[PDB]
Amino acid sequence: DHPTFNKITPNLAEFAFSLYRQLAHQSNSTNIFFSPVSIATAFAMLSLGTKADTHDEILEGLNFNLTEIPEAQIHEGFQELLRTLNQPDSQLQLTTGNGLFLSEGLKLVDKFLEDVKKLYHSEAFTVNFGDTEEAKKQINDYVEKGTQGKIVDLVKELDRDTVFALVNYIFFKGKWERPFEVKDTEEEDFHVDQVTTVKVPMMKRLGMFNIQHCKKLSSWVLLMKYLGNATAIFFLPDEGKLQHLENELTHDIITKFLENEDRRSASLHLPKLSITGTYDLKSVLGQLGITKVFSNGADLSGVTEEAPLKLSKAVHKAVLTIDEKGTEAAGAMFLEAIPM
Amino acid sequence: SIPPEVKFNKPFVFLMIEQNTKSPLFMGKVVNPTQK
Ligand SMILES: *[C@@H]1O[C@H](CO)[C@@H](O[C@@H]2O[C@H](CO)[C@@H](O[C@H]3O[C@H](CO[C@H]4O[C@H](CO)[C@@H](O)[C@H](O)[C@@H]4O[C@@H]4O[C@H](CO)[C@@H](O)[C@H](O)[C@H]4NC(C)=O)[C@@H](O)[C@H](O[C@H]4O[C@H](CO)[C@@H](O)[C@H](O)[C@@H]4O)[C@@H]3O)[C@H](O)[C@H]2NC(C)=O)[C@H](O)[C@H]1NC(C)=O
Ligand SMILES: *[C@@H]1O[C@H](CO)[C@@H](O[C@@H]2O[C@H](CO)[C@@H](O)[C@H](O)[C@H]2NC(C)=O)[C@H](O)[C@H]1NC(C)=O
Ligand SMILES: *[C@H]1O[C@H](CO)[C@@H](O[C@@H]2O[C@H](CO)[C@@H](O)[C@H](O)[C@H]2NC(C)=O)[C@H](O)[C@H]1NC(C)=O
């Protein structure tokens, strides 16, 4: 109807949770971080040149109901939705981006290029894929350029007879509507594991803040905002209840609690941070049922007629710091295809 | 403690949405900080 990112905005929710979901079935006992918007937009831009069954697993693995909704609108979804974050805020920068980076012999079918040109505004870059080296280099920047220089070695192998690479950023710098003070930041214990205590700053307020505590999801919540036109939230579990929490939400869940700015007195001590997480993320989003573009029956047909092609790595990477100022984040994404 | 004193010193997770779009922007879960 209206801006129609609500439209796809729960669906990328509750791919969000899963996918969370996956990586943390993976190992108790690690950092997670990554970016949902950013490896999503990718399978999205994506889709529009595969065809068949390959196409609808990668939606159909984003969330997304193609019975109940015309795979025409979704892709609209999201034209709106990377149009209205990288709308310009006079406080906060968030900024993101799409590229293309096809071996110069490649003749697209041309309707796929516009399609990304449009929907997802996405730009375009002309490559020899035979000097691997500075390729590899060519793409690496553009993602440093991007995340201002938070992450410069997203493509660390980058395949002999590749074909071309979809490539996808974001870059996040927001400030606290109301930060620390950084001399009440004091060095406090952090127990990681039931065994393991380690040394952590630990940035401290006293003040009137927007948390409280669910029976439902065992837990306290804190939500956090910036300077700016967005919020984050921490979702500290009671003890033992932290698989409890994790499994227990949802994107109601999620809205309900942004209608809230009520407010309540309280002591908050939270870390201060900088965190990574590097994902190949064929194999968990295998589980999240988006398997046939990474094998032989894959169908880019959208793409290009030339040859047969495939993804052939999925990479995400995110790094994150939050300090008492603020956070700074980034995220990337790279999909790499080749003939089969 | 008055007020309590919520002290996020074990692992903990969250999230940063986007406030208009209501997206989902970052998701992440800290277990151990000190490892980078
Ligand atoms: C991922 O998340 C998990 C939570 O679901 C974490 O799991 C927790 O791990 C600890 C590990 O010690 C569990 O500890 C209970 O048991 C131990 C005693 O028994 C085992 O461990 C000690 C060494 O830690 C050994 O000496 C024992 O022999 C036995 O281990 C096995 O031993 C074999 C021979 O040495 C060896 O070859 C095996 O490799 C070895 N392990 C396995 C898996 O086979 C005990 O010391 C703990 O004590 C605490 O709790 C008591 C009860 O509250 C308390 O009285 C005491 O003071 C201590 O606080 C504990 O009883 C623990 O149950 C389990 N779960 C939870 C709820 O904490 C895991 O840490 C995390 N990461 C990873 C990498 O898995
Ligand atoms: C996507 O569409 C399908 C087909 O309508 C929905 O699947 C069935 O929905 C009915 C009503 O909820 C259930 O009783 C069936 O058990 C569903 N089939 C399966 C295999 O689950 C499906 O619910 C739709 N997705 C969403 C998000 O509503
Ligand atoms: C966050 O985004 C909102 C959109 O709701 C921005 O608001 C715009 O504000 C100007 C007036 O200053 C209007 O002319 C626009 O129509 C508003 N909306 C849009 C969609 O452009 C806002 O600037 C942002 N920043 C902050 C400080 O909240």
Contents of the next structure:
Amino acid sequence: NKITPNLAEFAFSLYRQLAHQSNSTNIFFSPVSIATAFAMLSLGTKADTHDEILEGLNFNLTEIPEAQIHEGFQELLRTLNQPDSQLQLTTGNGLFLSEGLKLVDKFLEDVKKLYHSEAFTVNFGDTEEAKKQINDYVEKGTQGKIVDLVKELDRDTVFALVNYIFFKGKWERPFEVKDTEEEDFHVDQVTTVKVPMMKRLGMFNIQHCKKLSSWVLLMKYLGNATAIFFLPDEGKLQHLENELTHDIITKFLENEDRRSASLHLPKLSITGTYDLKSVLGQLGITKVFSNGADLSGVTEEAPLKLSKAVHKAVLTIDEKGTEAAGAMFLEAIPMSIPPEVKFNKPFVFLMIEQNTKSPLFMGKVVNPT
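Would you mind giving the form solved without its partner chain, to go alongside the form deposited with its partner chain bound above?
Chain only, nothing else included.
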């Protein structure tokens, strides 16, 4: 995809942002879900307010036509929402606008038609009930997985954006539960803690990278995704975080080589929850959240600003998803001593849609608890 390099660059910006804020908590977010929400939003905006958003998503508006961007996001939305896709991604972007406002039809159309997004009317005069309508939405669309997403609305809120994403993948090549057991996870280098730790010996797209100073593992999910894990050498977390590029990731996905390895990989559920007004602000998207906002593509006559924008991402990794799949491969593993590669200290990861090379998720597990 044309916009893929822009999203990769955006993923990286947002990550480095969040990694600098705090090195102690697990990062998890969807670049592609945040980027798409805000691209959609840009359709309601004009002038500087508009230009800030697409620049803040890493587009050079002096180099790439706006249509090419919007074409880019839609071809993406059509790869992750298709019928016979077995990703079991569940994602949503809900727009909550004050009832009382005169909304502008073409926004609501395009949003709904083009960006498969949902827009709703709410009485922001009742602030608790507004949170509760918002949360009920997320809750139903995630069939109970994300509860109480919004905790606080500002006094004068007349517009809220909520963007959610939940992923539980099935591995093309699965782990045996029977082999899952408690094991150490090094949080410090004198400090350890027990987690459940999947294990398999078999043939993996795994290799050590000199320049990144990290082991690099690629595992494919049923449907159209591939997960990449980075295990930094001792002392090289920050170096790895510094040195990651779209070019290096593309390198790795092209390679299909496989070698024998005993793989130890943690079974986890992780979330990250982010105030996007705060986070995207530090990336240069401020006007849309401010009284200066130009949202006249959304409502023509009243002032409008986005008072609230929240992203939640949830990931479950385990041995494997469904109960069956009518299928069984046989790998050929050499009878030689395999490298034992344990994801038993902090590591970085990305999930990539295979068709587009776009960065579905990116994250860092510091502590599986």
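Residue numbers count along the first chain shown, from 1. We call the rigid core whatever largest set of C-alpha positions still superposes within 1.5 Å between the two forms.
In a rigid core superposition between these two forms, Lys111 is the single residue of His269, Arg263, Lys111, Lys241 whose Cα is displaced by 2 Å or more. Superposition of the core reveals a Cα shift of 2 Å or more for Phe125 between these two forms.
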